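In the form solved without the named molecule, a lone chain appears below as structure tokens.
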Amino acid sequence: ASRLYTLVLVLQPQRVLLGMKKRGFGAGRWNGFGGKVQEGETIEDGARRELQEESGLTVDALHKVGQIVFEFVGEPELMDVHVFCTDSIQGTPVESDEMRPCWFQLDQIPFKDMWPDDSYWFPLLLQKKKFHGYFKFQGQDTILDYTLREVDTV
């Protein structure tokens, strides 16, 4: 079985917003905003909730840009991450207990301090291409297997 997660990338024409994860899973890496989808909310509502909780931001619209499935060796549950993009933020980003937000120019994206899979699929996001991904991890550092392709419908 898989568990539903969200990931939101605030992508403007010359910069992208990332958050430094301060605690919990993936702490110490820059990432998009998101988390587990809860009972009683749609996937998109979950993505909005997490963006709000983690950055203080609300948005007009969220666009579906990809799905990535993660397997971690030894872990029963797969992560089914629904990836969204926006360029219509409302408010100014503010630090939360979970995330410290910062803007990065698109040629200074800090891949060495991000999840290793981002190096593979960010280019597709940046090129406004819809994708499906699968990544098999050994721990949090080592990609054993992956697949990646462009799709018409996410």
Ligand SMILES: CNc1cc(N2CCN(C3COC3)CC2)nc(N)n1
Given for the second form:
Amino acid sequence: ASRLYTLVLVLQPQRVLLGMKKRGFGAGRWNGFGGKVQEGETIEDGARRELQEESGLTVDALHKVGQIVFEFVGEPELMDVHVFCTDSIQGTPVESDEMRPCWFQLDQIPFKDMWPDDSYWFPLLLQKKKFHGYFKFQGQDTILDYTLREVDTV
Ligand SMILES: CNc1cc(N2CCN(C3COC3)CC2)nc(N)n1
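Other form of same protein, the form deposited with the named molecule bound, not the form solved without the named molecule:
Next comes the full complex, this chain leading.
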């Protein structure tokens, strides 16, 4: 049993957009934009919805780039995160109640202030490789097990 989540990375030739999560799960960490997928919407619809809610941005096309499954010790539901990237965005990002957006140069990604798993799979995203990952967490800071592979179909 798993629950569906989205994650959107706006990746342009020299920069990537991240948001500082201001409240809730993962507050205090930079991340892409996203959240739970709702009943009645497709995964990609939910990714666009969360991007708009969290940054005001809309997008022409979202591309599937990864899937990451998370186990949190003691939590019954696996988190199934579908990761999307886009290069063309519509609008200028603006702060929301959940997210403070900032562009980062591709050699200045703030890994120490991101989810620890990003350090493993974010390079593959920047290298335009598609990937499947699995990370088992104890709490929010400690990776106990993980797998990571490149795939041809996300
Ligand atoms: C547990 N490791 C994670 C999890 C994660 N997501 C889970 C939570 N999710 C939504 C819950 O509100 C945002 C955002 C993506 N993103 C990243 N980069 N790493």
